[PDB]
Amino acid sequence: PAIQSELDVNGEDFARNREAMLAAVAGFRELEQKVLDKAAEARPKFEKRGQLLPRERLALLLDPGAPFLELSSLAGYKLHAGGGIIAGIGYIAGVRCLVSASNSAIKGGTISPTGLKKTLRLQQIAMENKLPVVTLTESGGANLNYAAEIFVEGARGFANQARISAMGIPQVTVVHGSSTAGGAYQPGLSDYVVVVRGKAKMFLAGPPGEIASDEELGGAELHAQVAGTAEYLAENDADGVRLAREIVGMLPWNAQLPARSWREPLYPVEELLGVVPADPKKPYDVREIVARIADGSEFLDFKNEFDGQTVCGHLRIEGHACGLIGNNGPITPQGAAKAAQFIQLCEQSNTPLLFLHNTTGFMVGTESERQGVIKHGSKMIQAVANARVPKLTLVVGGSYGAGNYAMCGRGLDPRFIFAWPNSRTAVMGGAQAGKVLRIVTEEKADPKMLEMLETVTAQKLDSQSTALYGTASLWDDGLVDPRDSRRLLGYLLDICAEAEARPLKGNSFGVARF
Amino acid sequence: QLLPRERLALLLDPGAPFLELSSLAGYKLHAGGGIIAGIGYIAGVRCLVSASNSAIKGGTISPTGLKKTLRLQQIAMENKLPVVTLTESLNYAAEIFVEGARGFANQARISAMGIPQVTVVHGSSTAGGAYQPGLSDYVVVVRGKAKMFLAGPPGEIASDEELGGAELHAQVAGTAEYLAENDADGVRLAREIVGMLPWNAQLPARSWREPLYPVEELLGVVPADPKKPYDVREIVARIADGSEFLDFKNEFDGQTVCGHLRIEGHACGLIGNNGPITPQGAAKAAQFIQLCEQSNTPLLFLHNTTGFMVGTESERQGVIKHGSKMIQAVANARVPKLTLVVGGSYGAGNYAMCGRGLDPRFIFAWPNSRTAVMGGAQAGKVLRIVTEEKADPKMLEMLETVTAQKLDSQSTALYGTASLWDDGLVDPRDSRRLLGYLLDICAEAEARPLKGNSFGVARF
Amino acid sequence: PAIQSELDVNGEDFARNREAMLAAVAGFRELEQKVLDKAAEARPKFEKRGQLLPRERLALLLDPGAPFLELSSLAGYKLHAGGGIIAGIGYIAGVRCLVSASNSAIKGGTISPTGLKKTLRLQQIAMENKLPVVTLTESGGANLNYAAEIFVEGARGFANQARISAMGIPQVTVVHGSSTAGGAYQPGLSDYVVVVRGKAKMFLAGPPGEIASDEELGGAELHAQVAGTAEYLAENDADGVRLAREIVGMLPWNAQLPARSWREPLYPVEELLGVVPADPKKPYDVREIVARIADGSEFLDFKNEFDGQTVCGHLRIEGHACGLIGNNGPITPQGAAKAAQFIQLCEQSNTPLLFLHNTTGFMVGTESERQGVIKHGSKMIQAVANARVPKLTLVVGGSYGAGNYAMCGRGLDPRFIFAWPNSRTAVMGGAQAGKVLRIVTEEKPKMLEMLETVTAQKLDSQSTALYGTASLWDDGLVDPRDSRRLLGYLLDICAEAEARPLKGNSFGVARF
Amino acid sequence: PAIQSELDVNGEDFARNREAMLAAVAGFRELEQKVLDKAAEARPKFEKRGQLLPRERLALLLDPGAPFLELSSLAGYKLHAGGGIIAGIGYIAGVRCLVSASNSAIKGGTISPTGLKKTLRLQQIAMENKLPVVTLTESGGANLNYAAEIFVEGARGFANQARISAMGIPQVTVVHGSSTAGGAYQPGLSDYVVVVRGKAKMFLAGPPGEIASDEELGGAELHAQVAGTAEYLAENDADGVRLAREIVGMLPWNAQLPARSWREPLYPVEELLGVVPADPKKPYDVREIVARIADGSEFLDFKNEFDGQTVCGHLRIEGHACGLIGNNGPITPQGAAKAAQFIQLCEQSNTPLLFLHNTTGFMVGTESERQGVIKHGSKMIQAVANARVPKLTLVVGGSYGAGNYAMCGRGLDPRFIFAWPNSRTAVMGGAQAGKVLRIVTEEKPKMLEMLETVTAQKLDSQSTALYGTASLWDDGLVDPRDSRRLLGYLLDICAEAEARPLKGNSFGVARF
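In the order they appear, the protein sequences are chains B, F, D and D'. A prime marks a further copy of an entry chain. Residues 2 to 81, 89 to 216, 223 to 274, 278 to 461, 469 to 538 (the authors' numbering) are what the first sequence spells out, left to right. Residues 52 to 81, 89 to 147, 152 to 216, 223 to 274, 278 to 461, 469 to 538 (the authors' numbering) are what the second sequence spells out, left to right. Residues 2 to 81, 89 to 216, 223 to 274, 278 to 461, 471 to 538 (the authors' numbering) are what the third sequence spells out, left to right. Residues 2 to 81, 89 to 216, 223 to 274, 278 to 461, 471 to 538 (the authors' numbering) are what the fourth sequence spells out, left to right.
Just chain B, same shape as in the assembly:
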């Protein structure tokens, strides 16, 4: 049952693949460092104020040496980076939570339209995986430039917070700072609010016809003792973070769970750096990736005889059974039928699905259409849409057009989706897009215009298809290093298994702050 790798670790293919992937990883880890440097500018200006930086607060919030998975760290990159939020999934007092912090250190917070989207998305992760939501809030509010592309749709964040509370998923918010206008409802719709003495203020309209101090209009002490909008008053930031840990640590949260050994892979995950060809067009076997993420490198291959371009099978990752769907060519009618069936089978055995995209879309042509490519692809999509088992997507290569849909891309609601930095997501390949514009224009003509239309269109598309663009549009939950792929999937499966097992005390209207 173990996969035989055909991979040459002291060879010219490998080393150049390692080279091109390390280039990509460094490439995105550089962009990350850049945001970090930009938030050391504010350090002294924070330290003047006796305030910890956002990531200093998280460092004190989180249990030391505990796994932390950060999400959408580059969301919104150059669209007006991280969306104004630092969020992730980690531990707070042995309780796995969705942890958030206004990135105050850059643009005093400020929340971009991709900030709306990221918040919506983190809320969906909190809901689906039943994670308590801990927020260290200190924000400027949304960019004034983007009222319209935000305002009405930004009510959904509040709607969600009201629903999370009724679902029985506790919200704890430390207000380190400003929480003004519309965004004062973010602590207002949390269950447990901590307010920092002197360095904190919530109100709908600030001072700038009545004349008032900010502390007297909506400062900490005002809330903790007059209006009752908070439950705890904290001295400073460290003490605020202490209290967030106290709260969390006083819930009997892990006690609600019921009470409930594996072989490592044959090949080391290090090797994943050289598995994808540097030559993007060059085919390879998704099983080479599988062999380095699966326990014992063991993969039970499903229906490979019927079709080899859509690869299905079973494996374990750190003990957890899953079903895998990956791509070694276009999705043919047979491939979609196989996949649909495989997904219903995993539904039947309560097996989580893992989708590794390297998809170029569906096979096309008269044979394909006459053999049911539409009807079979529809059934695959139906199966992905309707399966209730957890779906985990890893974009390892292509994610093109309807292949993206069929392999459980963002719009199909995977539990989690992460992308390799070599990956590409796009409505189609550049070459196909440009070719087609040539052809419809070749009739609706100067030969050079055609050539230029085709090729420019192509480079334009292929340029946009970069992982960076995908992740920046929240087409994924984040970029990961290929070598993290196994331990990431381990963590994510743990997350989904506990969610399945956890009972919640729901209520009609959400907890009422009387």
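A hint or two may mislead.
[Stated by the list, open to error] Beta-carbon label-pair distances, calculated as ranges: (1) F:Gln270 - D':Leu271: 36 to 44 Å; (2) B:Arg205 - F:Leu474: 32 to 40 Å; (3) F:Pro215 - D:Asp518: 30 to 38 Å; (4) D':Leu528 - D:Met476: 51 to 59 Å.
Rather than coming from a laboratory, the hints here were simulated on the basis of the structure. Idealized CB from N, CA, C, for every residue including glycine.
Chain B is fixed; fit chains F, D and D' onto it per the hints.
Just chains F, D and D', lined up with the frame of chain B:
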């Protein structure tokens, strides 16, 4: 052959009501989003009906095309309406495509929920557009017009009829269940599919006054713009059966109005603004919604507000916490929630009065209304102050004497309904018969049992 | 919308078909009467005892001119007929019940394998359709020929009675005669027992070291006054039936339902006698049957262009929306696929399914196999087996081999299955069977040209409707002209069951 | 607390009993082997083809030295043995499955009435006990002797497969040989099909106007590559079984369960050979059986003073708390009443029930009848039929007539029923039966003193354990000394089913 609206005239029941939705979607954002859509009747069955508008530059689907399809799907799901679509159909597509998958995911789920989809293909449905019939339950194909393929002929050379014609799909592939001879025969066949379902037989079995004043002179009730604290009760009087209305907790707060009325036999509870929402109006409102959940009474939100009250008093008297409670009820209440934007809808006042992002079941706007993040009033103050103190009336009060009247002027209904901030604009004089129809839709859905299945109906 | 028939109304082949069909009806109808006749040749013994005959019992129990659907009247025709039971769905005091009387005018009641089988099936019908079970009992014991062979499996009937009580479906039993040995438990596991004085005895062992009058042992008065195994003491058969109506009449059974308009067909239902070729080998279009059962003769044909040999489509029957599946040729991969889709659609709309069987089975050959005939036939079976909507089968013709399965024959638990008299059910055609039996054994002199088409002639024994109804492969034969009103009645029953709430309990009602 | 046995351990009657019992075990065990023997007389034909024999297939599929409970090994012993099936509950990769292999070393697999029956019963066992169904298939078709008699009811097996898939109980099928005609649907309605290359064929009709290689028609490669009716292509029998383990091994099946310590009996279980009088007519105390199966030999006797002829009480078996009901005499009104109460109590505490049958049935006579024997027997049956807790039956002795019913014999759906070899199941004792048949006919010369006790001798044919196990009246015969570990294993299975959640779906998994 027939045109978009000609198909619809023929699809729908002669003289049955028909409520059209987001007519002006995407107006000047480049209108109606590629789609003529609404709620009407086919063989006695109330459906969500939608037809490609190929006239207006071939239709197209685009940022508002996607929003409008997503929104219509939500309306079909929450109100349990069979979806009957007459389709025909790259500018925006690199950008929209990932999120565009939600339309397909929804189709798969709607099929699993037990709400059938009937699609007539009158023209080309290609690449991604091929999956909307794909993911329909009943598919009618028009002989020699319809074409379905993941890739049209634009390195094989095939004719488009050889590759995805009506006859290929009806006869060989099995992609469709019916072959129609022309536009009108497709439409007929769709009516017959609808008329052949036991849909209304799934429901259980089941008199009023009319208001005192005519409901046909109401183009004069609201002044031009809407910010004015003018009287929502005036409107209530014109919508409410026998103009009878029972003020609720009026004496506790005068500005946030609340009470019961009966529209066309249907009880409901109204939440209105004649002013800002103070911390008492909000408590009052949260309480009332909660009472309405208790008695299973539907909610009407008349938007005519500028936001919550502000000042040290409001903040001391718990405006955040009572506003929060009002949002909690708006969000978690299960009774249907109907919204009419009659005037101002600003800031967190739009949210708390159940504006779009609080998912009213249905939300409609008066042409005179204005939805927006804040007022020109507070705009020039922010722009000023965010450059001021981040020394003159040259670049202090010049910014407000301009920025006020940029937004306090532009802030059009039209932008809201184009951004899909509402489900359309309606003549204010239509408001009673409108709400009457929406309540009836909401009630039919409350009573309708569906037959769900695990994976959607498979077209094997 | 409507179907346009092309079968010549004043035709010749019509009149031919019409004559042949009428001959088959007359045949089985004749045979029904001869079981009535044999029962009537005990009017003296009954009249002497002062008893009503089973069918007089039933005519008094049933409502005046209400529909009454008799079930499995020829069951067990020759396997030693009707099982020793007369049963059906009719009306007692406005309530629709599963009604049953021991046929004690024939061999004195008495139960065999076929009687066990008919009883389990009746019990399934009541369970699935939520029908109060009214039983006019008078047997004694089972055929001693088979008792030892059968007594273990016979316990399932008692198991079912206990479970029916726990489901909240009342059982009313009038004991008109003897019910002794293990059959004492049939009244024993009923909820309401009426016991007729002087004529009625229940005990686990009759007189055959103690000596006793069978009345001292277990007569009506003993069970009503001393032991308390009965609830009502009736004076005579008529008084017993009377008490059974009054029990049904005092239930708020119809009050449990919620509260709740059609065109007739354009072509008279009488025409259904002359629709099926007199020559069964001739092929006909099933839509010609459809056009006489469907309101307005309207029929929406589904996916006909993908495969016209498995016909599907929608219709209304007395306003009831249904989906129909028929055969105009063998079942192809495409037809199976299509039918499986169609059943899923009907489930999705909560639309009942009608199966008109005229199959010879599935298409064969490398192409069929290559195109997925097994996988697709499999999906059609999955859909048939798992669909929640009511499934009604009318065997109108062929029902052979795997096509029998795929079209919701017995083993797939249709809710009801009635066969037309020309129908034929068999593992295959006699021709098909001889040939094969030739060619397999042929290569494992003159014995081919005869052993072949001699087995073919036999196989058309285990193949007439009669052998089918007798084996309980259908719930009865019916005159084709009843087909519309039949399905109407079945649809009503199915719809009422769907809507009806029941008061379950843990152990059944306890006769303390 | 403990029971104190008085059966002489170094006794004579013990040794007598012990010898007689051992003779009956040896008997049936011998007969089990002779079915193994007849299968082994095809090692050449298998070895030539390069096949593993059914039992080699099964030994490779099962986990090393895990328990394996074989079911209905003598089914159909002489009604033309084991059904053409070898089946049981054992372990595949840690998972407990219902495991089945076509017995294609005997008459080439092949299915009859008894094979239909054994299959429906296996399917019930899997459904009720939530066991993945692993099937190593190789048949061809059914006995052509019975195919036409049986093909309609045979569809129920396919119905069950479709429903098992919809329940969320996975079916894994390795096709080692042919599965043609209607039996193509057995792999067709399985969730995972493994098809062995070269040896394996599925088609609806084999070559016998088109001409084709059976491989062009439906061989492994065709179904795996072209049609897609299989999921895995195995090289050989061993490789197929291999793939079947790996499928089971990759399910998170045991991960679905929640997480979860006894005294042995004071008296060795071996002693159970010498507990039952060699002379069955002799009466014994059932507590002597109890004292060897119960932990600590402890037994809490329930309501013994009300009636000591129906014994009830509580015990633990490998820590499992159970309630037990046995027979030390016929069933009185008081004993029925008591047993019915006892079952209700066991339900209330969620305590499983063991039925040890040694009944001759119910008490008779005017007093019995007067004291409510029918009503009370009825309540006992209601309780047996309706109780939700697992019911396990061990036929240790007599199981006659209505006592068979009341003690949860076959027709009351015990979850499992195994019979000891001395056991006897019959509508009554042969003596009882002759006498009666005398006296009824006697008054309706020399023919009494012989027709009487000649029918008595016959009736002890339809009465040995063998005729019972062959008719599927039990799930198998078992060596009395296995009784404790048997019940242990059954209790575990029942407890795991209770606790196990399933992923239902609407139509079963679709092999698109």
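- Item | D':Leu528 paired with D:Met476, Cβ distance criterion 51 to 59 Å | holds, 56 Å
- Query: Quick one: are F:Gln270 and D':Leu271 within 36 to 44 Å, going by C-beta?
  - Reply: Since the Cβ atoms of F:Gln270 and D':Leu271 sit about 39 Å apart, the hinted range of 36 to 44 Å holds.
- Task: Given the range 32 to 40 Å, decide if the beta-carbon distance of B:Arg205 to F:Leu474 lies inside it.
- Result: Distance hint for B:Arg205, F:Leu474 holds at roughly 34 Å.
- Task: Can you let me know if the beta-carbon spacing of F:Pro215 and D:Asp518 is within 30 to 38 Å?
- Result: violated, 54 Å
Comparing the model with each earlier hint shows a violation of hint 3 alone; every other hint is respected.
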